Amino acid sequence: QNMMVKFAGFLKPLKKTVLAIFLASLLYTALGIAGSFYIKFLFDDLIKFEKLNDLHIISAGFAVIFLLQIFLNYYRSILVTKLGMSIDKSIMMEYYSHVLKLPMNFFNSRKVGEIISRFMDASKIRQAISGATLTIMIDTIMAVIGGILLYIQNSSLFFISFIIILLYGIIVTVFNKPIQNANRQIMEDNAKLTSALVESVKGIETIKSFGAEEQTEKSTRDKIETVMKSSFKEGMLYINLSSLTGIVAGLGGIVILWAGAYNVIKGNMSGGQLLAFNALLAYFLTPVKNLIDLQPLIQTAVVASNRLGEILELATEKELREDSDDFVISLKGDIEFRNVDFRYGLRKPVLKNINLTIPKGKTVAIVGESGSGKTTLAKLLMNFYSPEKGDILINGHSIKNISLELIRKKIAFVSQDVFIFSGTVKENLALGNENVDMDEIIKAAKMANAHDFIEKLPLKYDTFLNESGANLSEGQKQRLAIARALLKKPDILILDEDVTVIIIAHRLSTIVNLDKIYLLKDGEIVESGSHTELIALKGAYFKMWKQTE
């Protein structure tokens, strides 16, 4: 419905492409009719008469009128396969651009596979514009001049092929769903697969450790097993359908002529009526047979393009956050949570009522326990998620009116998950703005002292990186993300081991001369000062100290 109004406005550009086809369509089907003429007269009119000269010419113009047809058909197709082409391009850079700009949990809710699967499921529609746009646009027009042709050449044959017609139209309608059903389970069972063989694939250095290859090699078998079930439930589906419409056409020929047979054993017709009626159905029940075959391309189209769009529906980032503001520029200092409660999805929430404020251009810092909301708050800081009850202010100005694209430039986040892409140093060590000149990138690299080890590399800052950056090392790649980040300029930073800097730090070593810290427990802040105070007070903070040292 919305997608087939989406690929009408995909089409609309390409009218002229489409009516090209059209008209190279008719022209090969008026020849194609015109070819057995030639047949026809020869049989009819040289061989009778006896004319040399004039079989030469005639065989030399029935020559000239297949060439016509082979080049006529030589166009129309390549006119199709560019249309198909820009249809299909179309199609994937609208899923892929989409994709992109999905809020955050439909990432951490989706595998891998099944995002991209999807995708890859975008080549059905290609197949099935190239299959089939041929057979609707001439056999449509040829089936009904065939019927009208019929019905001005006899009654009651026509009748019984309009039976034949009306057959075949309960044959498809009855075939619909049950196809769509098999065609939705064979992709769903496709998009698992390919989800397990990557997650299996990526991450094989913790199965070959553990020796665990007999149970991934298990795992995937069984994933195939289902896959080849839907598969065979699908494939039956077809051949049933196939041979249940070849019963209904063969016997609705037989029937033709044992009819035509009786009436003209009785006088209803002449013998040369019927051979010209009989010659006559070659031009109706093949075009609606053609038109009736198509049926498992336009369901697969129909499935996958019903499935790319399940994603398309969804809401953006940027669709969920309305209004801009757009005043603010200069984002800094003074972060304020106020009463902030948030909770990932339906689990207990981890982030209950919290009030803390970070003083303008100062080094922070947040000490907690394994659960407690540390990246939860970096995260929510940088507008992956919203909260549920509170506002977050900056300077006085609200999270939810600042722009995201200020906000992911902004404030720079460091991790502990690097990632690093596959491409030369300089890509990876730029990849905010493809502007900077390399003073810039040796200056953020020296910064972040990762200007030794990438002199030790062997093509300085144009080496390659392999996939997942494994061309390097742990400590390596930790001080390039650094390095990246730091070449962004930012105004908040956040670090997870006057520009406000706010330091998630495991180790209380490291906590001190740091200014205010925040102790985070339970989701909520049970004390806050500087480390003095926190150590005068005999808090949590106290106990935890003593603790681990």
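Under this definition, the rigid core comprises the largest set of C-alpha atoms superposing within 1.5 Å between the forms. Residue numbers count along the first chain shown, from 1. First, how it differs from the form deposited in another entry.
Only one entry in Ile411, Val288, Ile91, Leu79 has its C-alpha moved by 2 angstroms or more between the two forms when the rigid core is superposed, and that entry is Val288. Remark: with the core as the superposition reference, the CA shift of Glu234 between the two forms stays below 2 Å. Put the two forms on the same core and the Cα of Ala448 is off by less than 2 Å between the two forms. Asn383: CA moves less than 2 Å between the two forms after rigid-core fitting.
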Second form
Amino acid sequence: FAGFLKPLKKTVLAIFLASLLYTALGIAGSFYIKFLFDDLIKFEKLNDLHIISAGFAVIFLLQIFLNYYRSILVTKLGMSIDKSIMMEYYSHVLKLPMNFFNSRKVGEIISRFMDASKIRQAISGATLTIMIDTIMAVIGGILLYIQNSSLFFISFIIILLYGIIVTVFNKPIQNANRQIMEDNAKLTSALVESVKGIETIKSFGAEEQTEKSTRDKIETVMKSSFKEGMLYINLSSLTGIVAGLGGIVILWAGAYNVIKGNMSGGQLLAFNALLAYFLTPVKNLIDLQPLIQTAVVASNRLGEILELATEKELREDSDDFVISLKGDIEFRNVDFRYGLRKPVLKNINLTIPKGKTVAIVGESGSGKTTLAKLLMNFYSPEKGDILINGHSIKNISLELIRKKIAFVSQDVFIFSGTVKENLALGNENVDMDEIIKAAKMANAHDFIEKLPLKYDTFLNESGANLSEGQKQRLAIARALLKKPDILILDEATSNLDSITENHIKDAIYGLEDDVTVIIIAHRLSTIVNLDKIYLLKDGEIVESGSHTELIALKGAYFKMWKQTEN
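Go ahead and give the structure of the form deposited in another entry, now that the form deposited in one PDB entry is out.
Lone chain follows.
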């Protein structure tokens, strides 16, 4: 927080000077009730009364103008701070390891981001000014002590009671706020999941189940927040008791001093009026304390997220003295266990030549996609190395891996935007000619021409504006534009029809001359004129060779191949 406000130094100084002079003007104008009951009521003074009233009115007007200026500056400062914190949090969230996103739900992250609004409203143009008034009431307290001692000691006892009440109510408020935030995060995650699955929910008539679950979660949220409501009512009642009893006792003691001839009759009124510049800021700060505690809890949750190491993490002094990812894939002694579920990869030893198309075939439960994820550092192997062109993949920087390796995941995702934006995701500077070239290469031009617009149409949410095969064609078109060294075509041929499948398959074997294409697919319509086919029995590679070599031996590949032909 300190670093965010470091550049803005003149604003803070102007705020402090404006607040100081505002407090001085308020203290000066608080003497109106003393001047009224000492030299303007006992004697029949009229012109002096009018002059004094006008002077105090113009002093108050100057005071309120200064308050307006200070409030504007405070609002500007707070909004800048909120911008900095929110942008920093989001920029850090977009750089977390992929194992974080597979455990936590989307709703938790969305709720923890949007909880920064509570931080925004707790440092707004009111709470910060109230804190400034609280810290500046020291001058008023000093002057109030100078006026009289016993009533000042009574006010000091009131301040001590305030402090004790605040200290006692420090932990329960935080606990209640954190519980409410956690329950609200659960509710948000459940609602996001339900809205994303609404199609299945309506298809299967699951309205009642989701309604009951959300009702239970809402009940939990309301229970926690009602506990917080009682916890705040207790503090409010205690603070009101202390404030009112202090006021009554200070009035009684002032009257006692008046009777004994310690102060004049009007100085008690001056003390009472000036008490609004010593006790009222503290009472307002105490009344706003729950808001500050909520802001503290939200900031602590944001810091809990920010504590996680970034996606870089174990980069191990990368070896950027390289030009491209051209070479041999050297999966050797590779094991991966998904972090305490069960082993999936059991010592896989495979080799891919320096530029060729290879295909990985296996059962549904085999870790075929796991190899693709491991090959681009989404995860890290439990044992062994990868050795992209004789050098370990760890020594290569993550940016180069993500830039020179093209991936087509099984779950094709298209963001909401123009087809120009979708076909150019990480590029941001590719001209149009390459766009048409890639679209025609992946057979994604014919449909995109027959649209209300051309390369400018809007796509709703996760590409709901198109069909599944259409989304697959767009996604496979996008990956071609990276001009990659390794193209991991991961089941990018599932939803495509026969004519489109044949066209795109004929197009794939024409990609330049220097690219390693790993076709993770089990269509078996393709994978017939390939250099090597890798078959894995859900734990490791068992059969290697080309199509003719695999069909020559009557093994698992023969068993899979015989039923596909008929």
